[PDB]
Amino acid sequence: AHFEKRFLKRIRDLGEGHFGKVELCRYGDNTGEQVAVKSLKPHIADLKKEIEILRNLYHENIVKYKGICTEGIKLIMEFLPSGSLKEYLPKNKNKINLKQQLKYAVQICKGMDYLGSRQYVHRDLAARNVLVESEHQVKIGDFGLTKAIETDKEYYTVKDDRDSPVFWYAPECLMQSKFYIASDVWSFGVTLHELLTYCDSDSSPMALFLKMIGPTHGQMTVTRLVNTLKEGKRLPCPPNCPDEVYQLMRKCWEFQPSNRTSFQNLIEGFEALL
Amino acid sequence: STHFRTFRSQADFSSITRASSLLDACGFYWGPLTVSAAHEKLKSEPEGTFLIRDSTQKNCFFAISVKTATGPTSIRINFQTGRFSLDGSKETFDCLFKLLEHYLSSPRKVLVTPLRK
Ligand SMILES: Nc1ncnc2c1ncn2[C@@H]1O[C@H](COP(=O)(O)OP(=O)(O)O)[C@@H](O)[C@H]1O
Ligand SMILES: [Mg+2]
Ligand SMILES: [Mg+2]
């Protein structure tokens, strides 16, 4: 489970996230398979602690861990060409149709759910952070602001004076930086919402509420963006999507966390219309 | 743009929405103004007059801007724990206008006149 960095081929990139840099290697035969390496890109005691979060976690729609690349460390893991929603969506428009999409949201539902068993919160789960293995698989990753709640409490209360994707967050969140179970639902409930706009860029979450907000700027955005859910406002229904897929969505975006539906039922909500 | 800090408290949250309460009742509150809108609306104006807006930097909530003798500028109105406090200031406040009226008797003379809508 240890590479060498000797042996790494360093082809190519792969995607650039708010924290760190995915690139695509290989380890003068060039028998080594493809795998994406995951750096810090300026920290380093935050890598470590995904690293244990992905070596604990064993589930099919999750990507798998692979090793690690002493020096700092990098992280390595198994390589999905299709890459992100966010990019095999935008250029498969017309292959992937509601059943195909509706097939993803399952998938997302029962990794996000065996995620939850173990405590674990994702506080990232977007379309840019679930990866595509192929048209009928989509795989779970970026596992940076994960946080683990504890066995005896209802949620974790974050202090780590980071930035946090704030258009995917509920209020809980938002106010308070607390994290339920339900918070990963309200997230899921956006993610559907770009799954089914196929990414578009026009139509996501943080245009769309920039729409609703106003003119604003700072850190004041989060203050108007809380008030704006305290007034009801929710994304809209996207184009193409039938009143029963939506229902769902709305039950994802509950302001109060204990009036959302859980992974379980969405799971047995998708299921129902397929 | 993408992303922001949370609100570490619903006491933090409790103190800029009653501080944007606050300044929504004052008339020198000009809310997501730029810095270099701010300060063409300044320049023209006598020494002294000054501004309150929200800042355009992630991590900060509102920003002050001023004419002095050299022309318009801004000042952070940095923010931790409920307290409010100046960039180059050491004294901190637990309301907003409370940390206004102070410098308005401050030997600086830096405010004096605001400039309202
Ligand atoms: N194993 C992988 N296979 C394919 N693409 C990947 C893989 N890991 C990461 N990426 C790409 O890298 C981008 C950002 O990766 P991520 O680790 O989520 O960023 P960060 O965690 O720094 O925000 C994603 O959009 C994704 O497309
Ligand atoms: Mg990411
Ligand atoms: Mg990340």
The other form holds:
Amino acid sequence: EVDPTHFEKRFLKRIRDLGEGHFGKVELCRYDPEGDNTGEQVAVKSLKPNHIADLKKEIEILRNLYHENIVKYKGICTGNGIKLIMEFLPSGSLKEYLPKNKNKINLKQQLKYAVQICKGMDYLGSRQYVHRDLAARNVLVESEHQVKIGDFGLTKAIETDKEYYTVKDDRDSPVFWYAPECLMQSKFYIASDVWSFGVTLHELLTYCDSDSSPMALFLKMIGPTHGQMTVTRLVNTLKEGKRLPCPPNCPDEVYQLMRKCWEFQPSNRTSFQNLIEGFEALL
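Would you mind giving the form solved without the partner chain, to go alongside the form solved in complex with the partner chain above?
Shown below: the chain alone.
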């Protein structure tokens, strides 16, 4: 019998590199058994040359997630060493899509994408998981009307009888998408992911312009060349009460909901289900 989720490594042939996430690297590949370039194009995540247990945990997370605004698990490709086979969204991430499609995508469509991310993140949060990496580069574009969350490499399960995941390894962390308690105390909540959405929402409203990215804007405020002290400087700036400014051609009613995602203490911060009600009211 043939398992459809069991992808043989020999048939799987590469096309291009799509992205790389700390240790795992994601490559576009054509799975073509018959050998005439008629095969299905699939996204193929695998380890950069261990973090096999981390990838195996990521695989088992994604396999059991079923949601419209979350990327589809297609299968696995297994000597040891394992590869995660996902569906291929050709339009790509918001980082690549939004700059190239400013004419098609308007504020009304941007808020629809924003709701769809929250619906994916609320589904994720309700299943006792914490994402730890919500940024525009990880938000994929299925079509002009649909977006999906297309990476779960830093996704971890919230522990037993506790409201946060105690972070151990944090070498390459997106510090400019991270809330103060993640930077300071190194313990990641669901309310932390709301902060990360707030920055993703800013990225979305700015059409993922590199000149006005979160990294670029924070570096303009705190200082461009401080290196090792950058993160402690970044906290001290957020302690004073200095947030990312309102994007150009962004309403205050949108920006105020974005500001509610960046309240200092997580206990008095807005949630995803609350944000859906906020955006839909404007729609």
